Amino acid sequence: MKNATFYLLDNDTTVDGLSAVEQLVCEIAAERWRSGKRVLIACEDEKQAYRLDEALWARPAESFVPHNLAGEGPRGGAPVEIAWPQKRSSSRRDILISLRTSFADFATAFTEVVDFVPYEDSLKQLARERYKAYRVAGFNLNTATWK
C-alpha cells in the first residue's frame, strides 16, 4: 500500500535557523533510521539541504545519525541522505521525508512518505493541495502529531 503521513505542527518556532518543520525532520529521520530504514530527505532547495546536513549532527540530542548530502558519503549513499531538486539521490531507500511545497512525482516510487502541515496559516493551502495529490497518486493517507 503506499502510505503517506502528514504530521500537523502546533507552532512555527524557529531555532538555530531551523524552521519548526526542519526540526521535526531531524527527529523523524533519526527514529526511522534507528528502526533500520534507509531515509531520503527531499529538500526544496540546496540551501535547506545544508541546513539539515548540519542540524542532524546536533539533533536529536545524544544521537549519532549517519548522514550526508545526496552526492556524498559511502557508496549507495549514507543511511540518511539529504537531497535537493538539483541533485539526484541514492536508490534503495525505504522512506521519503519530503519538504517539497508541491507534490513531487518521485514520491510515488516510495511505499512510505512523510509530509507536513505547517503551523503558519499561509502554508496550509499548499499542504492541502499536496494531500489531494497523494490521494490521487494512490497513497493511503493519515495525519498525526509527533510525540
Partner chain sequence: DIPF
Second form
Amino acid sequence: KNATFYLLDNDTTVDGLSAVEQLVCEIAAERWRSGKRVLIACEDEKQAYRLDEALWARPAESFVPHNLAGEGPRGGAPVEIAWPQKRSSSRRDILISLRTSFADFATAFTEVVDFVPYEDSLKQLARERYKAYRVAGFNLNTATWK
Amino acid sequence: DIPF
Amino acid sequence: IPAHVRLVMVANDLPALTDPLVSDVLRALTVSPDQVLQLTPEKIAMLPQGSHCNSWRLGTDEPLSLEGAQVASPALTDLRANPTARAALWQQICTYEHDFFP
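Got the form deposited without the partner chain; could you also share the form deposited with the partner chain bound?
Zooming out: every chain and molecule, the one shown earlier first.
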C-alpha cells in the first residue's frame, strides 16, 4: 500500500478552485488514462460539486468521464466524486483524498494520493494525515507533480 | 519523520 | 460490418483514431480503436440492411440506419472546446449504459 503526498508550491485560485482542487483534476485525468478507476474523496458536498464541474474543463481538450457518487452508470463512473455523507461505488483502484483528516476507508486502497497545501495554516492537518497513513501501514512518499 |  | 467491430464512428470529416479527444471517448466507452469502423455518410448507405452496431456520430444531424445505441455529439472542434458538450455526451452514454457496458 502506497500513499503519495503532492507538495503544492502555490495557493493560486482559478475559477473558484483551490490550487489543490486544480491539481486533483490533473491527477484524476492522468490516473483514469492509465486505466484506473478513481475515487475522489471530498471534505464536503460543495467541494464535490465544484470538482464535478471542473473535471469537464480541466485538463482542457479532454473527455474525462465522471460523476458524483450515486450518479452515472451502474457501478459508478470511471472517476467518482464522493463526500463524507455519501456512500461510494466499489471496485476502485486509486483514492485521491481531499479529506482534512485521515479517513478510515483509505485502507481499502492500495494507492492513495494526498496533499500538502501551500498555506501555513493547513500544514498541521497535513502532518497529522501523514502520521496516520504511516500507522495504517502505508509506504509513504512526497512528490511534485509535473 | 515528516519531510514537510 | 466485421464481427470484431464494436463501434461505428460517423462524420463527414473522419478524425484520426489517435486524436487525444477521440482516444478519451473510446476509453470511456471501453472500446479499443482496433474495434472501431469509421464511415462517412456515403459508406453507411452501402451497409447491408439490418446492420447492427453501437455508433457515435459527430456533427451529423441525421440518425443512422443502423441498429444499436446511437450517441451523437457536435463536431469534434465543439467537443474539444466545450465542457458542456462533453458533459452532455457522457449523459447520452449513461442513458445507454446497457448497450455500451453490458
